[PDB]
Each structure stands twice: as C-alpha cells, then as structure tokens.
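Data block below; observations after.
A single protein chain has been omitted from the complex, and every remaining protein chain is retained in its original position.
As written, the chains take the letters A, B, C, D, E, F and G, and residue 1 is the first residue of each chain.
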Amino acid sequence: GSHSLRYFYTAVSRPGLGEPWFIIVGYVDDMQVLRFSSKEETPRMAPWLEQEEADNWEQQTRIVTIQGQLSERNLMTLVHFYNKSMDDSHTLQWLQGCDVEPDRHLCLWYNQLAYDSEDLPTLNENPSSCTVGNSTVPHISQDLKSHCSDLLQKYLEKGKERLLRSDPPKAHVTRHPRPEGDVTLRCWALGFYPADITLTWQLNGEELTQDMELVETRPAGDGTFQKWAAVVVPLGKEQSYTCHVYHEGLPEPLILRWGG
Amino acid sequence: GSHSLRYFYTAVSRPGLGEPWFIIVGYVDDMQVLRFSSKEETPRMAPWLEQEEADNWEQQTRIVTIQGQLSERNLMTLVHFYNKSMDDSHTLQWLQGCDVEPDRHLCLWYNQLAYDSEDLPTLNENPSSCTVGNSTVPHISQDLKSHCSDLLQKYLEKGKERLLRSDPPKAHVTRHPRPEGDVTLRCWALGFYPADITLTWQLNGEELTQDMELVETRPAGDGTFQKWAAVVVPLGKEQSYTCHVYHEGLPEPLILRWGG
Amino acid sequence: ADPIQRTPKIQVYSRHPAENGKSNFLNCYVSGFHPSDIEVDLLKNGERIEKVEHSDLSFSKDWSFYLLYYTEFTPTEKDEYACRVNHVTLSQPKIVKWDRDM
Amino acid sequence: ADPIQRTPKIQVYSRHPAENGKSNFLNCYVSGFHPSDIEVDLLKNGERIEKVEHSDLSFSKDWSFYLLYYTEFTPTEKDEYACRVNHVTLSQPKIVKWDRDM
Amino acid sequence: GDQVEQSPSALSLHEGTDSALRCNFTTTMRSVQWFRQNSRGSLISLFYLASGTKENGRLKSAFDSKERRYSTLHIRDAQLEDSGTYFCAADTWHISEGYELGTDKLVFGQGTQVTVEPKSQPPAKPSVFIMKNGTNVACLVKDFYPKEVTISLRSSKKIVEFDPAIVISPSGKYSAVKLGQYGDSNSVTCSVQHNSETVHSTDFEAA
Amino acid sequence: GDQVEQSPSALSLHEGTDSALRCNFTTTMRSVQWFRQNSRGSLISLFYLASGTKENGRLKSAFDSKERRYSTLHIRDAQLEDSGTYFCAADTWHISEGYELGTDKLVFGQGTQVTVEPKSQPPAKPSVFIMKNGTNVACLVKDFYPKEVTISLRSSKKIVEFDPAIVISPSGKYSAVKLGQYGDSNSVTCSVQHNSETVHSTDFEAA
Amino acid sequence: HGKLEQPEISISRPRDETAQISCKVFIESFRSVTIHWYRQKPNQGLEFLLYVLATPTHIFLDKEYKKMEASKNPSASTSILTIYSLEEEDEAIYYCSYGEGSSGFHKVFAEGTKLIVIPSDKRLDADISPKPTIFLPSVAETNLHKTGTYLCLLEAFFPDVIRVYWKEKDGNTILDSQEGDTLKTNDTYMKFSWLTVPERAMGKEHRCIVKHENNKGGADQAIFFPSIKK
Partner (left out) sequence: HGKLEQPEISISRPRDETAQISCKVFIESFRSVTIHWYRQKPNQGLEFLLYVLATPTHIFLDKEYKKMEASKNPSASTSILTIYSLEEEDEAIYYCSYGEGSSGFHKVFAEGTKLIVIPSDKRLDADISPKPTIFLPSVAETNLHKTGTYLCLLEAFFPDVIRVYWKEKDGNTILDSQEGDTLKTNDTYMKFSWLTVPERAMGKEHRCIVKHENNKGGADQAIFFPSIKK
C-alpha cells in the first residue's frame, strides 16, 4: 500500500495590520495529523499518537514555523510583483508533501504554491524525486523534501493503528419513491475510511454512469467518509437494479439490492 | 445616360446525362435583344427588331455557339480543378458585355465567370476599357470584346423605338386601415422602362428611406417595371406624409399625397 | 452547407390595375434565388392553372437567378389566387396568395 | 484583473443514521468555495445553535477550500435543523434544510 | 508591375526549429504554388492548392479563401535537406480567344532564401587531410564544428593566397578546403587553428 | 543554459515587410522580457510581460497566460531602424531553503540577428569624390542603390589597398568608402563600375 | 529520360546580337500544348514571357514598335526561344514550362538556361573550357581515418555557370558529392569539388562528370582517378 504525507499552508492578508493570518494543517492519507498557525508556540500534533518523551520532531517544528514566518515577506513581495492594491485581501496557498512506496523504493516530492487562485510558475517540475544518492555522509538535512519520507515513516509507525487501517463501508439502499411515476433508489455508504469510494448503479448488464445523482463524498466527525449515489427506478422493475459498491476495505465488491 | 449590352451565359450539370444544360439571354439597357440555347440552331433575335431581309450580323452567332460547344469542356475542367464529384449537379454562370457613351468616349467591357456561384479569378483587371484599334487594322477575329462598340450601336438602330424610349412613372398612393390602428400608405409607380427608379416617403422634410417598406422592383411583363414603397402612419397624420417618386424620365420630382 | 445556396424572393401580381371583369395577366416573378431548377406554377381557387409561359432565365450581378411567369386570366372579385413555388429549400413548397394591395 | 471566485457547496446531515431519542452529531459540510472568509451557523428549529465547532481549514487540488461544522444534537422527529452559510459570492445567506436521507 | 510580397527576404534556422514563409497579393487568385530552388537552379514544386490545408513531412503550405489573396508555408523540425530559395507563385484562369477555360501565367514573388544551420551538441575534434599537387595546395578537414576556422599553411616558396570554402558534411558538421598556389613539388603540409586549439595535418601523417 | 529556444537564428526583411520571432522555454516562466541590442552597445528593452500581449510602436508580442511556456514578438511595417539582435529572456519564482520566495536568475534565448534591407528600388547613380592625405587616397561612393559594386583606384605606385566599406546610407540607398595608400596620391582618381555603367571620381571634380 | 529537357546550361553570345534557347519537349499530344517561357534575373522572382500553342503560332513578343523574342515548335520536337538585339539587362536565366492538366497546373518546369551577354575583349581568345587537374586521397587519411577524398579542380574558362556532378560510374547513380563556391580569376572562373569516398570501395576510378557551354568537344567531361606504378 502506497502512502502520502501533505501540508497545507494557507495565508491571508487584510488591511495594513501587518500581521498576516495563517494555518498549516498536515495530513497523512485522509487523517489530519498536524495543526499549526498563528497564536501557537508549538506545532500541535494529533492526539492519537504514541508519544515517547521526545522533543524529536523539531526538524518538523523548525520547518513549519519558518514557512509560517516568511508568510510576512512572502505574502508581501507577492503583492507588488503584481502591484495589486494592498487594500483588497489576498491569500498565498502552499502545498508540499510526498507519496512514498518502498515496495518500489518510490518517492514523489510535491511543492506547489498559488497566489489568489492562480498557480505560480516555479522552477520545479512539481512532481520530482526525494531519494538522493551519492557516496557520502555529511549534508545539510533540513529540507522538508529530504525528510517527508522519514516523517511519513514516523507518522505511520507512531500511528499504525489509525493510519494503517481499513474500516470498510457499511452499505444500504433506500427506497423513497417520488411524485411522478418513478421510484428513487439511494445507495448508501457510511463510515468507510480512505475517502476513495466509488459507488455504482447498474442492471446486471451495464452501469448507469451517465444518469446518476452523486454527492461529493462527505466526512463524518469520527475519521470516516460517507457517500451516496441514487437513481430513478420504475416502481415496477424496481429490483433489476443493483448497487455495486467498490472500496479498499471490502475485497468482494459489495452488491446491493433492496430488502428482498 | 450610359447605354449598354450584356449576355448572360448560363450552363448546368446533370448527374451523368452526358450533355449538360444551358442558355444565353442577352439584353441592352434593360431590354432583351437576343437569345440562344441547346437544341436550338439559331439566335431568335428580338421580334421588335425588323432587320432588313438578310442577316448581315451573325459573327456574334459564331461567338455564342462555340461558347455553347465549349460550354461542356469547361464544366468538365471546372469540376476537376475543384475536388467535386460528377454526381452533384453543377453550374457555370458567365457574363460578358459592355457600356457606352460618347463624351469621354466611354467603352468599358465586362467579362466575368462563376463556378457554382463563385467569381472565377480571371487575370485581366476587371472593368477594362476598349475604344482604340491600330491604324489600317481590321479586327474581324472571333472576340466579342472588340464587337461591343460595334454590336451595341447595331442593336440600337434597328429598333430605336423600344430602346430610345423613357416611359415615366404613373404613381398614386393608397390607404389601407390597420386593425392595429395604423394606416399603410402604399405609393405605387407603374409603367416605366428605365428600371432604375426610386420612390420615397418623407415626413416633415425628412426622408424615411431606411424605415419604410419596399418591394424588389418587379417586371410588368409587357415591357416595363412596377414598384411601390410604403409606410404605416398614425390614424390621422395622413395628409402629412408625401411620396417623392424620382426618375429622370420625369423632369422634376413627382410628388404624391393621398388618403381619402 | 458548402454549395452557396440562395432562397427565392417571390412576388405575385397583376400586370395592370386589377379591374375584375376583363383580361389581364397573372404574374409570379421569382428572383434572388440561385440553384437553377425551380418549380413555379399558378393556382386558381386551389388547383393548378395551365398553359403558362415563362421568361428567359438570366441573372443579377450577384449571380442570382430570376424568372417570370405570367398567364392570360379574367379577374373576378371571387376567384382567390396564389403562386406555387418550390425549389431547393428547407420547408415545403411556397404558395403566395395574390392580394389587391400588391 | 477579475479574480476567479468559487461559491461554497453545502451538505447538511447526520454523523450517524439519525434516530430521534438517542444522541448523534449534526454536520453542515462546506466545500469548493474559494475566498476562505466564510460564515457558517447551524439552526435548531430556526435559531443559531449555541456552540458549534469545525475542522481546520484545508483545501483541495484546485485550491478550493473546505470546512465542516459539526455539533452535538439529539434529532427529535419534530425538530428541524438547517445550515446558514453566507459568502462573498452569494445574494443572501443560503439556508440548507436537513432531510434525513440526503 | 508590382503585386506580390514574400515574407522574409532571407531567413536562417537551426536543425529542428520551426518557421514559416508568408507571401501575399490582393489581386484575387486561383491558386498559390510553392517552390524550392536547388543550387543547380532546378525548380522543385512543394505543394499545390486552390483550397485550404495540406501536409507532408515538415513543409505545409496554407492558403485560404476569405479573399483568396494570402498564402503561408510553415516549416517544422527544419532539417538540412531543406535550405534553398523558396518562392510562392500564383496562377489564374486564362480565357482563350475562343472560350477554352485554360490557365493564365504564373506569378512568383521575390526570393526568401532559407538557410538551415545544424543542431548544437557536444563537439568533436577536426581531422585534417592533405590535398595539393603541382604549384597547387589546398588543405582539408573532416567534420569539425564552428564556421570559425583558420587553415594555416606551411610552404617553402610563397605567392598570393585565395579564399577557402566550407561545406556541410553528411554527419552534420562543417568541412572545408582552402586553395593555395605554392611550390614544394610534392612535399607540402597543413596546419589549422580553431577554438584556441590548433591541429597540424602532420599530427596525423604516419609511416 | 538548457531551457530556452529562440526561434529565428536569423531573419531579414525589406522596409514595409512583416515578421515574427518565436521563443519558447523548457520550463514554466513567470515573466518574459524582449531585448534588442544594436551593433555593439547596450541592450535596449522593448517589452516586459508576465501574461498577455502588449504592443508598442509597431512591435507587438506576448506570453500566453495558461501556458507559461511560449513568447512571441512581431515587427510590422518593418523599417531599417529595426536592425540588430533581438533577445527574449524570461524568469521564474525561486524558493530558498528557508521559504524565501525570491526570483533571481534571468535566462536568455540564443538571440536573433534581424536585418532590414531597403525597399526594392530603381537603380541609383553614384557620386564619387576623393578624400586625401599625403600617401592616403580614399574613394567615397555616394547614394547608390543596387549593392552590387566595383570600386578601383587608378594609381601606379600603389602601396597598400584595403577592402571597401559599404554601409546602408541614410535615405535607404547604399553608400561606400575605400582607402588605400599611394605614391602618386595627387594623381590618384577613382573609377566606379556599378550596374553596367561607369562613374569617375573625375566626372564630378569641377575644373 | 525526361518530361522537359533543356540542353546547354548557359549560352554566351556577343552584344546586340541574336541568341538561341530551346527545350526539347518529350510529350506527345505535343500539338495541343501551350508552352510558357520564363525569365529569372539575379535575385528576383521568376517572371512570365510567353506561351506557345505547341503549333508554330509563332507567338512573338512585341512591345510598342519592337519584336523582342520568339516562341516556336518544330519537327525536332522542341520549342526554341529566340532573343533579338541583345543588351545587358536582357541577361538572365530562361525557363520553358507548361501545365499538366486541361484545367490545371502541376506546373512542370525545366532546368532553365542563363543567357550570357559578352562585350568586346576577344575573338574567341583561346578555347575557354574547364581545365582539369585531379588530387589524390591522403595517405594521412587512409592511414588514420581509413577514409579518402578526391577531386577535380578546373580552370581557364568563361562558361559562368558550369554545374559539376558525380555518381558511382559502375552503377552510374547520381550521388550527392560536395563542392565550394565559384571564385574569380582575372575575368576567368574555376570551381573545385570533391567527395567522401565510401570508406571501403576505393577502387581505381569513379567519374567527375563536368559540363559547360564551352568545353572541349561538347560533352560532359568524364574524369577518372587512375592508380600508380612509375
């Protein structure tokens, strides 16, 4: 199984109160694991984490802070290069992270920023590598790029319970008919973990990919996601429509028909 | 007062019928003086032209006929130049002719062709002049461009009555009530030859030219043309709307009013 | 559509002032259309009038085509008339109801 | 020049299959809005529920933002709930009725 | 007369660049032709058209009827086998004395001479050669890089010298010969200096 | 320097002519700048961009926002005063090992030697005069059109003669000058053969 | 061997005289032909001159009081371009062409022939033909690069445009060789070409097929590179 750590830096300006606003949520897969903004001396990491008296996260503490810090200049040198009136609020989004996968010794370093809503041309070929090899020892290890993997490791190890886990989707189908002659069948998926869930309506034969109502997959406050997809079924047939649900947890693609 | 003569050659394609279809109407100052087509051996000239016993003028007949023969190969050649399936009806419209008037010794000749309604890039500049001829040099040769100044003057002396005339406009307005409350004032003009005529409604000294109703100046069918221009007018303001009917076969502006 | 098409402008009318009772000619002047072949016929109270001669097919500077039809009929204040015209177009044939006003 | 703004999406629902009587949490999810300055309040049969917490501001691939406001509520067959979200992108605060299925 | 205008009076490209020739006239035409003149003077037709787009290889001629008065010819991945003088030309319907729908004369443009120079990639070293015989001497070089070159000379009895001549080898590099009328009846040698590095033709002569 | 390709390596046009210079980069670029540096002087600057397309005087050029990888520069109604080399250079945001959103390094294309040659023009007849300096006679050929030219100085004890100088005159015609050194200096008259005719310095010197 | 051929690359004839330029057509239906003649100056386009009806319409070029050039179509199956009263500005390259198609042009052109105007200075002084002198591959190249080069340096002529060309004699197949530009020699010209001998097939002789208006005899020079023993 692949894995990916992410940091979401987000900054905003308002009048000339100087003090810019900012947060740095840091996730691992769909579990947020790190929070840190303005008005916090320490990167407040997620509770559910085996902690062993170790002020040994500094490297991550160091990085984040700075990032938060330059938010002052950064967010500013970015107004003039566009000479946009410093009276209209602005924002600076930044994202770094990597997706590791040792089974293939793979690592991809991401690093994207965007001003008001437009990306910023950077020298980077956004997706790049994070495994460096020369025949030496010294270095300056303090680039979030060179630890992302390691950090991912830390998180994974120090969290194997919640992070390395699969909570399958529990699924039911509801029949709540509509006014004008055609029943509505809603297929449910509740509390499944990785948000990636793909639900599908069909007729033994094919799939109804082109005529469905799909809610973007929403989150429930316990660390799980829920999604629904429904369609208009004739009160007669009403059953030659199955709900094939696919997910990481359940191997055997779940299939749903109504009660009987 | 420029007088003139033109021949409108017209040829068409028929989905594999071997021989095409075609015609050659000819006119002078809006009056038809000649004619020719396939399955016809001769130029049934204008009855109104009582020429004397022997037809001393047919070198133009030489011209036309070959044009008839040649007509085919052209539609032939035209078809391959442009990628075009010989299964789709095709047509080649051609027009040659010229103008005339002493003062500046006016004599311009028009020679234009069109494939399926498409001006065909002829190299020679367009409206070309033609009044001169070397000294001691009869140009009896095949071309029509050199027989204009000759053949025009020929047609205008063997039927002068119908080509030297100027039937002025007989105009009158007409009231027709509008269930909507308005009233249409239709200014007719009948019996006039020099087709180019212009009617016009004025309202307090201001021509209503672009905001009035007008009909394509259609042909009586006996020798002259008819045309009427109209308007919608307040139930009452009638006697205020005038109808200027210009035309040079009328010394000064013919002006009408009408209503009831 | 690639073959430059042009749809006909139709006018139906009396050669002279219509005074039902005596002879005159019924005219249907089609012009402004292009694709040569055109089916123009006369009508009386609904049927197809006959023995109608047409004009010497010529064109305008815009390479447009124009034809004139005309017949020898006796005008009466009770015989509705109209022109029958159909050619390379979209909808069904076009009939033009003759009217006193034009 | 003209900034590219994106309106907020809203989804109000129960954390768990709601059953009036036993407890559950109310969730008003918002997503896809760009300018992060946003106002979100829940309502118990009409008014702005006392205290509701929400997640830490994160965004997605297209930098759009997303936040979910959740609260502790005890669904009760005859008590309606809904969401109030006001953005720089809309006419008046939008209300989102919470139906038990969707 | 005057009614045609070719784009660049001359233009030069690198191996693998992409450019285009334009040329227009406003006297409506039937078709625009495109040619390439060899050094031999031969006229090589490239494209032919009376309607829109066409393509083959890298050359593509573009002509369109919104007026039928302007035509363009672009070049993609320009390769050594392209340089030459390009011409646009236009023909138009010619009407006989009779009525044979023929074709009027072809109108060309001024000359836009293309010049396609080679890609630049890790150099190599120039191997000189000997060519002289009878009061005549001319150095040689096989596949070197820059036009930058100076063919030195080593003769006993000197007279005036002449101008060289650098062609473009097959591989993709330059090459050249520098004429020289000297003596040394069968004895001569060559010396070259390029890129601060010199090379004696002697440095290769063995026994 | 592995990320910017300048379209034309070379280009030439007559006045009134038109053209474009393409320039694309091997990496996302934030702002683009187009320079033009004459003979051997400073780099004048024509445009600065970060998105869009600006047009000054006759020149127009652009960077297409959504791509951030291609820049174009056009020259309309070209004119002699547009000769010289054009350069396109762009840049990109950088990020320090400490998140300093800086941006310094400026990449340049390989450049383009734009040359504007004069309108096709009815041949011109020179005017030839003679500048002097004991031992030094200079031949000045004036305001002549077709560049094709042959200048010769008739002298007997000729010391050293230098090649000729042929600069595009002001008015768009061609002009030339040629020095050399001589003994018979005072005698020295200059003969010019241009366009099949012959013009003598002598032909003008009044007497 | 052709669709339109034009012997005699160049033709040089004294001032204010008449000149002969003709292209031997090779296409039957030679009668229903229309041949256009074309002129190309130094650095100009290519302009039109005339058209022949492929049947001696004797279309001639008359320009206000003057008959300038003639178009014709004999039995030798060729059309000849006659040019009267030669003056310098008339000095340029001439092409003969026609249009493949009843209604079109694949436009077929010929090699073309450049007319050379010559004032006074000689009465056919000397011969004025290419003067060969071959050069042997370098023992230095063979030895170190196992490669060889050979050439045919000419001289002593006046045929301005002499276009050189080689091809593997045995299987005489034109093979692009390379040569340098034409340099002047006190009002005489002389080019120098050469080749990159296919490393392993260096035998006794390949051929340096030269060709010019004024060249001994009147045939393309056949030049070889013999071996040695002395």
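Please note the rule applied: a contact is a pair of C-beta atoms (placed from the backbone, for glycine too) under 8 Å apart; a residue touches a chain by one contact, two chains touch by 3 or more.
Student: If I consider the whole complex, including the chain that's not displayed, which of F:124, F:130 or F:149 touches that chain?
Tutor: F:130
Student: Which residue from E:56, E:121, E:186 or E:196 sits in contact with the chain not drawn here?
Tutor: Checking the options E:56, E:121, E:186 or E:196, the one contacting the hidden chain is E:196.
Student: Taking the entire complex into account, which one of F:8, F:84 or F:109 touches the absent chain?
Tutor: F:109
Student: List the chain F residues touching the unshown chain?
Tutor: The missing chain touches chain F at positions 1, 6, 31, 33, 40-43, 45, 48, 85, 87, 89, 104-111, 113, 127, 129-133, 136, 138, 140, 142, 162-163, 165, 167, 169-170, 175, 177, 179, 201, 204-206.
Student: Touching the absent chain: which residues on chain A qualify?
Tutor: 77, 80-81
Please note the rule applied: only the chains that are shown with their structure count from here on.
Student: Any idea how many Å lie between the Cα centroids of chain B and chain C?
Tutor: Centres of chain B and chain C (C-alpha means) sit 19 Å apart.
Student: Would you mind pulling out the distance in Å between where the CA atoms of chain B average out and where those of chain E do?
Tutor: 57
Student: Going through chain G residue by residue, note those that touch at least 2 other chains and give them in order.
Tutor: If we look for residues of chain G contacting two or more partner chains, we find 103-104.
Student: Where does chain F touch two or more other chains at once, residue-wise?
Tutor: None at all.
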